[PDB]
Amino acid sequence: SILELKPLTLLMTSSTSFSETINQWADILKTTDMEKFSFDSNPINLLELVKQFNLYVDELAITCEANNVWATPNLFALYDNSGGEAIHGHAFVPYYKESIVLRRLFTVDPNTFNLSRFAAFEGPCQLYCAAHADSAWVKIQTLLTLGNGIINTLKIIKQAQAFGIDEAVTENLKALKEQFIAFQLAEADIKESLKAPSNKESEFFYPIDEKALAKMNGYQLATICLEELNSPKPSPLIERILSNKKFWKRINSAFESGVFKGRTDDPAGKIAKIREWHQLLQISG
């Protein structure tokens, strides 16, 4: 009777958040003898996982901000070698709040083949990590990296099963279990750094003094403008920039270079908006 067991499965119906999901799945694999079972990955819904994971990334970013970790430019300013050039629609801006970099770096985007990328920060973040092994950021990165990896291990398992490749499913189940244990460990390590808890111009950038703003090239000034339009209302930062004539030629030239058309947040709509605001503000200073 019970002697002939049905395939083990991991479901999502009991959970709605990413941490819970991984928790349920970890308790199941930790509590199963990895020799007696056959697996069935079909019920795993990767789109739902990613939806949960992305909400998880967002929430983490919110908490890090509220609890004021990252406690003047950001942690990555010192490791920029781009020379202000634009990569994939963004130029490195040393005043990006690291919670924003966190959201861009670790959010899984279907547009970019389900990869999580922030090209202009990949270099500086790698250098920073190598130089601050025990930092809060590295614990955040370890965490979200394991999360990302869990998602990809599940894709590998699902593809292997569709192709009828059995060994590729069982070795990855062990890897999957190890990743669960690592994820939960990283999660516990972060709960400590969040510890206890407790910007006018912008939600996305630290304060930029007039000296530092003037040093910016067009690509940088433009990514700032493009970013500020993510606020529901016109921010003091973008008004400061578009109000001052000395910035316009740089910015508009960056726009004309075409370097922002790959963006997926409606660059055309935004550039039209920004140009319109510029016209508005240059009627009478």
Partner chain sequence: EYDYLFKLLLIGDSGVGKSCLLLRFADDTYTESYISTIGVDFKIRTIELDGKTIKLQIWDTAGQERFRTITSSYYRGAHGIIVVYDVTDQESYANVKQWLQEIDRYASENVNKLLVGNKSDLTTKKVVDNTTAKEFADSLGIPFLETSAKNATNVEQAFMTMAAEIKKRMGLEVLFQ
Contents of the next structure:
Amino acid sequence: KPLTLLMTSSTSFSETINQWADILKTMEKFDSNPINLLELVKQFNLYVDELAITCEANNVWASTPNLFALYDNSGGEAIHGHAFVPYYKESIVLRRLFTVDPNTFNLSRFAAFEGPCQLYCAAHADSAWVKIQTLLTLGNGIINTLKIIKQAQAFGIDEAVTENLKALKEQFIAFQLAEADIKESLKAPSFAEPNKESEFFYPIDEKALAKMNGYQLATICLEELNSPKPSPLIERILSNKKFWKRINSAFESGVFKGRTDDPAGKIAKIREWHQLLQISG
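With the form solved without its partner chain in hand, show me what the form deposited with its partner chain bound looks like.
Next up is only this chain, free of partner chains and other molecules.
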């Protein structure tokens, strides 16, 4: 009397939940083993990306340091591969914070924002950011609960395949309530509104940029290589001779080694690009 949870009367996370909520809303019988969590991760990640786009388009975040700028206690140090840069766009921090890795089903670390964000949450409970965290966190959760359930069952732990499964479902409900709150907020009107320099950061003036240290600057350069085509922001950073000593120094510190986005390849490229730009400034 098998009941593995059914994949496609939905191809988008929000709906695909409720084809699932639906039939966990509708009992005794369950092979979670056949379930595609990995597909679920693929959908959720789109959900996150699409929710981020939307937020940045509706101006929902309202120099222009970002929201989390005043809560940085990092001392410009690199926290697990990332340094704090007050010019990250909120929607990128969003992405970095809630997108699930398909290879581990866990998060890639975006540590320098982990604390400032929490602080920001504690000081603006009504904020949009919170309502979004609440939502996407439940998305991470649902994902997790499924992971657990699969292996618990796979291991025995009848206690485990059971007490969660009550919860997995229970999360579905709070999600919805979340989708509902978030939704109304994004329905709000907004005036029209782009930065040519970067996909990831707000505009950074000459003054602002020079005040960055090697970890901060390296972090920016690594972030820019996430774009398919060389960016004006990185050409500005790499073409400036005064910046290099501290950028390369940070590379050598070994601090970026653990990153998941091929820091070795990125760094090798950055060094090549700098070599090129060093000629003819």
